[PDB]
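Just need the whole structure built from these sequences, with the hints factored in.
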Amino acid sequence: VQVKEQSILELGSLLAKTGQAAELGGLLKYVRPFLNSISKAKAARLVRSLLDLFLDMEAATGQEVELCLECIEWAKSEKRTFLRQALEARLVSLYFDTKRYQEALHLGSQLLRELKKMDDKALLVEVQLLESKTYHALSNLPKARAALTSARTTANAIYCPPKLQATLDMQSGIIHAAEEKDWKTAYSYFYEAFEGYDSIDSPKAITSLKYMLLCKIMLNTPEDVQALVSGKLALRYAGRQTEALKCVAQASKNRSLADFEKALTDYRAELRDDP
Amino acid sequence: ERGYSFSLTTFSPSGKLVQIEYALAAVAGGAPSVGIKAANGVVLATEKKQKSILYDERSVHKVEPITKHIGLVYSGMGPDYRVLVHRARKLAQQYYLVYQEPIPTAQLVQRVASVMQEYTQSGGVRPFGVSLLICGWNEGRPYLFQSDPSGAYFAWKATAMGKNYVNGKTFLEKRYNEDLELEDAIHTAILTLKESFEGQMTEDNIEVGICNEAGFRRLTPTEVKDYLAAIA
Amino acid sequence: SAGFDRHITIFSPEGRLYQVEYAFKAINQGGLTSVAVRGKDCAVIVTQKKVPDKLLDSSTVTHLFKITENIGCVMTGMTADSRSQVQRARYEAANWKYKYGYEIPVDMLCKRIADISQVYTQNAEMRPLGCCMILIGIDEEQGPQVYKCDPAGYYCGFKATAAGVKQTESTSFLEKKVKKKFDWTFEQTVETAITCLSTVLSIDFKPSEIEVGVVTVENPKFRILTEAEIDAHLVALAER
Amino acid sequence: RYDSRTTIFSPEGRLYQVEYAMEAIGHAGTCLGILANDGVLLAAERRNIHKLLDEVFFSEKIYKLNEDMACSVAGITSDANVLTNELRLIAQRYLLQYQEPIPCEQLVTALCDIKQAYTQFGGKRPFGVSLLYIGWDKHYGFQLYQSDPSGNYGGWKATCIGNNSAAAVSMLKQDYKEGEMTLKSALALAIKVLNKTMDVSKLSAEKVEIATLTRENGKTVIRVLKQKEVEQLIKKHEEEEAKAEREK
Amino acid sequence: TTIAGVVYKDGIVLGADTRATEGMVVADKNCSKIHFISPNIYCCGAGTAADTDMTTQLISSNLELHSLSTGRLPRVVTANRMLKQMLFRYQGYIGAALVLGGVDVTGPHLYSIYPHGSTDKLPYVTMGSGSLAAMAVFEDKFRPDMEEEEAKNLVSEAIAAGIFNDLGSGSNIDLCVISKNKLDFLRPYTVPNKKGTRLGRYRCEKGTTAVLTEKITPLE
Amino acid sequence: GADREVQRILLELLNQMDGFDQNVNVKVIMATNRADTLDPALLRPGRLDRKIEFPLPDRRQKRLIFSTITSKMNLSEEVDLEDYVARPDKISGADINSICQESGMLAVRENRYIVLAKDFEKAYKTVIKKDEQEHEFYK
Amino acid sequence: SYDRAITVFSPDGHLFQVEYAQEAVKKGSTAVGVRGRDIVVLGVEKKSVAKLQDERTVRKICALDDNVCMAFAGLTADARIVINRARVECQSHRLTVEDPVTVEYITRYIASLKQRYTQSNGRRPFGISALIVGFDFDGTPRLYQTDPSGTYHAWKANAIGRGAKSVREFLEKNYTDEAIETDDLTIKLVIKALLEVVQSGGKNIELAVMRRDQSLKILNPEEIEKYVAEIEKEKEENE
Amino acid sequence: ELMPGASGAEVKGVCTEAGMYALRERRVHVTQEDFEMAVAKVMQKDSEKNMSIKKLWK
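From first to last, the protein sequence lines stand for chains A, B, C, D, E, F, G and H.
Under the numbering used here, the first residue of the first sequence is numbered 50, with each subsequent residue one higher.
Under the numbering used here, the first residue of the second sequence is numbered 20, with each subsequent residue one higher.
Under the numbering used here, the first residue of the third sequence is numbered 1150, with each subsequent residue one higher.
Under the numbering used here, the first residue of the fourth sequence is numbered 709, with each subsequent residue one higher.
Under the numbering used here, the first residue of the fifth sequence is numbered 457, with each subsequent residue one higher.
Under the numbering used here, the first residue of the sixth sequence is numbered 85, with each subsequent residue one higher.
Under the numbering used here, the first residue of the seventh sequence is numbered 1380, with each subsequent residue one higher.
Under the numbering used here, the first residue of the eighth sequence is numbered 658, with each subsequent residue one higher.
None of these hints come from the bench; they were simulated from the model.
It is possible that part of the hints are untrue.
Stated by the list, open to error - In the SDA-like style, the derived pairs of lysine to any residue whose C-alpha atoms are separated by at most 25 Å in a straight line are: (1) B:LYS109 with E:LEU524; (2) A:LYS192 with H:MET677; (3) C:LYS1370 with E:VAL561; (4) A:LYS259 with F:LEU165; (5) G:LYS1439 with D:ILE822; (6) F:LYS213 with C:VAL1314; (7) H:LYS711 with B:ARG21; (8) B:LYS182 with C:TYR1167.
Said to hold, decoys possible - Quick partial rundown of chain D residues pointing at chain G, CB under 7 Å, derived from the structure: (9) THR715; (10) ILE716; (11) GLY721; (12) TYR724; (13) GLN824; (14) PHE829; (15) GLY830; (16) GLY831; (17) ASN860; (18) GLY862; (19) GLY863; (20) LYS881; (21) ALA913; (22) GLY926.
Claimed, not checked - In silico negatives: residues of chain D with every beta carbon more than 10 Å from chain G: (23) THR792; (24) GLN805; (25) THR827; (26) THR867; (27) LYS915; (28) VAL938; (29) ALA950.
Note that CB positions come from ideal geometry on N, CA and C, so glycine has one too.
Dropping the structure here:
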């Protein structure tokens, strides 16, 4: 009565470890009897891992988005509200990553509309953080700040944010920097985001370090840049990025805009594509 | 209000006995201790940190078992904790002798509460400056209780008293969930010890006991070191 | 704020038992000092001796005693409280031997006598015996133990402990010696104790001013180190 | 002054320690009971449910004493437990001696005698606990008695004790029709009283502790309202309040 | 009633009967006489059954308290000292013949307290009404410093001689083995005599008994 | 009489802040270490509209205070200021200012103008002594 | 000073705690008892129950034995305790001597109990004054007042509690030999004394009558309206 | 309804704080959530942190 299901699980696990686009898309609807035969938590984490690898390796937006709407329709016929909201949040993240400003914005607003009444707050914090990201990417700085402040207020009653806290500090640093008015606070927020990202997630950690070093530049203190690059925590993350920021710090301190333009030509491969 | 903060048999005109509140203040100044009730068991821990490493940590234990499935931790005075352990053992074993059946933890908490509130009945004897955390498993259910110097006793899904107890309680209520597992319960307890440990817990700096369907057992130093490394 | 320091049974605000600390300060009032050091298989106790005059009998003014044939004891504070507490400890050890048929472990003796002192400090019928105790002995499967008891009934084992007027500096010196992680052989333990006393006192004492007791695995009997052997030990320390 | 041990008499005659034991009940949780035509119930407030109380209990403010005796407690927890245990001991001693469930009045008087003895002499602080015993007896059917830390007692058909007790009992006597309430109307009245006396716009069933005593089929059954039952009752009273305000 | 005890090379083996008699009529055929006191010590009782039961639970509770306060495994001398003190407290008014044997840090030990309250350390000892046959075997076939399995069959044949030479013992055999790393509570070790098969059904079917009145009370 | 006069001062303060004849464009700032001992009549909206809490610095606040106090300070020569911040310790901004000042003093005493982990660490240990000196039976 | 100590004489020779307990009665309620030729009556002011109190358990007048009754003024818990003790002692006295307890014996026992409760520290005096009534074996009407000081006294008609002075003066001015000629005259006197202080009438008054061994029945609230109709009738009759 | 036993001055303070919440975002309208957060901020008061002290009374 369950040996066939065990064969299905073995095939699906081998598929997920292999993880090709067609095999993955087969596996989502291939746990059709599995999803309603096992608990919600394991099904949710499995489908979200398939979605993560799906958007991270086979970046074919057309099929992935349609997969997300197929999954929300699935959870709407099967009445998985928590899973529904989780996949809507993942789709908001995907829309932002592919820069679907309006789709992400409006569907995140719709999600938050029904999410305030739900008891989940970690997913609420995620949704609010992504909404603030969207508002910042649309140059709606005050509304992005308001959304971030609401997210931080919600996360004041958070439940153990391993990276959600770090992501929140990083985004608050982004908002403060974009406000262009204060940098010491932006410095502190970037430092906190970097130190939280330590030993958890590497690319986001290096982006946070890049932002912190940029904030150091913006305070017209390149000496602190050359001190921090050799800081004991930057060695594990040292590389092209920190060297590029160090050289732009030198160009700023020497106040040679020719050196600045040479640094930006060097950046063209490293740190000019990054908003 | 000062003339009434001197005896245990006089009611303050507004409130109640002030010596009980002062005993509670003595309790809140003790060693931090956290107990967590998981779905399948309970975990309670405390910090054994003391200066002068000359001290033999193995000599005394803050977590002691009352019977094969009941354990307790305290926060506050030491000798009063030892006396409470002695009285609790005597009471539980009297119940065992009378009934030839392992003592239910609810009755143990009730009886220990009665014995400690007995010291609050009359003057000349100070109330115990110790609050108790009782862990127990029975009838397929993990029980966690707190016993008060006032003799009050109440239940707790997960609590923490002693020094910096408010921050620990906020941490627990921001961490605990009803579907918590035993190992994750130990992780949360050690994290609660950490957030106000002030000085890099070692294997022997803390002391943690665990109870489950297989009775109660204080964790050995090796398992404590393994869990500390796992949390890091 | 204050005024709650009159009765042993009265809790002050912030839950602080003043009179117990008053007794702890009374421990120091004896004006002496004592230290205990434990090795791999030995435990050395040494204490200072002050004689106002030759007129006294030095053989009866010993400050270290013997609880049972293998359990020795040293203590300081008020000497009357000291002798009452050693009498109570001997009574308890004899009762334990009578009831349970085997010698009292040092940890259990400390636990029971600390429970007695706790009951003293819990009810207002007793002055809580303001003298601190250090107990030594050997136990199978655990080796030598050194335990300390105080009027509050707080008992704890020590790798090395101290008491008296120079408590804090003696404890600091003990920590400085134990952090080096050396085996502390019997002669080495004894010499560490003597050096601790001499430096914290800055006196470089004559050998007649110290009483020493030692318990080892090969000599489970609590041997009070006689004048000959203490002379050997500490004048050897001098030349060593 | 005359605020020393309870065995003192103020020059005006007042027993100040007993007076303070009286006013101390105002710090306790609010609990009430009323007498219906064919039923009796006890409603109590769960003042302390912060987030993490296991609720490993049958009832906190309401304590059962006997197949026929039940009470609600209001006072210090230690004295509460002592009083409940003595109540059990006295009731079952009477049962063993007399082979009959103890009359409510007799047990109430026994407790009152103990409480008085705890303030009459001995230099012991009086039990700062006010009780609301509920029970049945063949002599007077359904009876409800309101204890007192002073050692007095009274037979009442409507009484609230705890915080905000004065306003609660005042409105209760304002809205009591003696001899013409069943269990349902009594439940509705108790819920309304709780609405008016608690510090909540919408009281949760968790904060409410209701036990009902009823005699049927020759036996008296004491039951605490289950969570489903208490939530149904509170939702019914909530839509009833909605009906009252929409009609208004 | 038969209680027996030997010390073998490494630990203790205990043998107890299961027949309990009141007066001259047997009460039960499978009573348990090996009494739990400690996870490292064990006792066997004889004489007044209720007295044996209550004294065994009392000493086990006191010894558990002792061990928990100490944290160490209890020693045999401690248990027997409290047992003999409390037995002598009643001065023979309790008819409780108990034999105490266990293993401590000093090694295996085995003591025997008669109901009046006297004890002695023996490598091999038995008591009871059937003590004659057991001790006769104890002098006949017993060997000191003798291995575990041969200890098992030694005690088994000793108790077998006890049951087959005395009326007040048998129908089961239960053994308790004590070792520094082993506790084997064999119960039953080996049934020596199973009740014989019934040849005739007495035909107790329905309708064979009349009744006066009916009364139905539902529950749950 | 003295207590009555103190309470009279308080009552005059109340009646001046929110009395019969109101004030226009007169904002009053009041600071205290023990807010809970203040009269409730003074702690109501219309008199003290905002009761702003000034807690001990938390993590990031510690970093900000250290950064703004060591700014005029000479260089620390690659000192783990972020690690000194990360140490869990209930120290107020006054204590951070102390720590920095004491580090400067130690640098002056040792005659080196650029502090580093040694004298900074001695200053840190010096400032937050918090030596328990507590009999262990309390704990 | 000398007031907060039960067993300490004041410089002017007063046990001030005893007098304070005595004064505590004056804060009770008025209770007047009159003895007639064949009847003894107890008039007490009843606290008007607000809306919910069960008047069955608010008993102010209680009978110690089938031949004695008593009304109290003071703290109700003390009155209940002394009632239990005194009726237990009546039963034990009948155990010892088999004859009905005379009013003198039970009053002496009550006085001695109160006294032994007011001669040592740690024992607060019984702050209640009780009016003991009843008939002896030969049916002689006797009435006794017991004082929280531990003393007793024989009164033909006394009042206790608040306003007891006014009732005392009223009885002084109205107690006559012919006023006790008939049961109705004694009743008229006692209700008049009651309405002196409780002028509302009707309710707030409880009455009990003991005739020559009738095992007194408290006057039930049907003829209190009848008896007060009689009182009002006689009252408009002389005026 | 969100203001059990709140004095009138506290009600005016809630109005003011909702207005300030609107001002902080540089708007001119006040929304329901603004009033809810203003009520939370104004009525915020220190409770008995110690549960054990709070559980002295039943």
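Structure-based check of each hint:
no.: 1; hint: B:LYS109 with E:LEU524; in the structure: holds, 11 Å
no.: 2; hint: A:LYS192 with H:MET677; in the structure: holds, 16 Å
no.: 3; hint: C:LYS1370 with E:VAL561; in the structure: holds, 20 Å
no.: 4; hint: A:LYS259 with F:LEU165; in the structure: holds, 20 Å
no.: 5; hint: G:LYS1439 with D:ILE822; in the structure: holds, 20 Å
no.: 6; hint: F:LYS213 with C:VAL1314; in the structure: holds, 23 Å
no.: 7; hint: H:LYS711 with B:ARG21; in the structure: holds, 21 Å
no.: 8; hint: B:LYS182 with C:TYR1167; in the structure: holds, 20 Å
no.: 9; hint: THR715; in the structure: holds, 4 Å
no.: 10; hint: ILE716; in the structure: holds, 6 Å
no.: 11; hint: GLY721; in the structure: holds, 3 Å
no.: 12; hint: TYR724; in the structure: violated, 11 Å
no.: 13; hint: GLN824; in the structure: holds, 4 Å
no.: 14; hint: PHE829; in the structure: holds, 4 Å
no.: 15; hint: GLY830; in the structure: holds, 6 Å
no.: 16; hint: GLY831; in the structure: holds, 5 Å
no.: 17; hint: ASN860; in the structure: holds, 5 Å
no.: 18; hint: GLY862; in the structure: holds, 5 Å
no.: 19; hint: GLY863; in the structure: holds, 3 Å
no.: 20; hint: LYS881; in the structure: holds, 4 Å
no.: 21; hint: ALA913; in the structure: violated, 27 Å
no.: 22; hint: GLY926; in the structure: violated, 25 Å
no.: 23; hint: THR792; in the structure: holds, 20 Å
no.: 24; hint: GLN805; in the structure: holds, 16 Å
no.: 25; hint: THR827; in the structure: violated, 8 Å
no.: 26; hint: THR867; in the structure: violated, 6 Å
no.: 27; hint: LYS915; in the structure: holds, 25 Å
no.: 28; hint: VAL938; in the structure: holds, 25 Å
no.: 29; hint: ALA950; in the structure: holds, 29 Å
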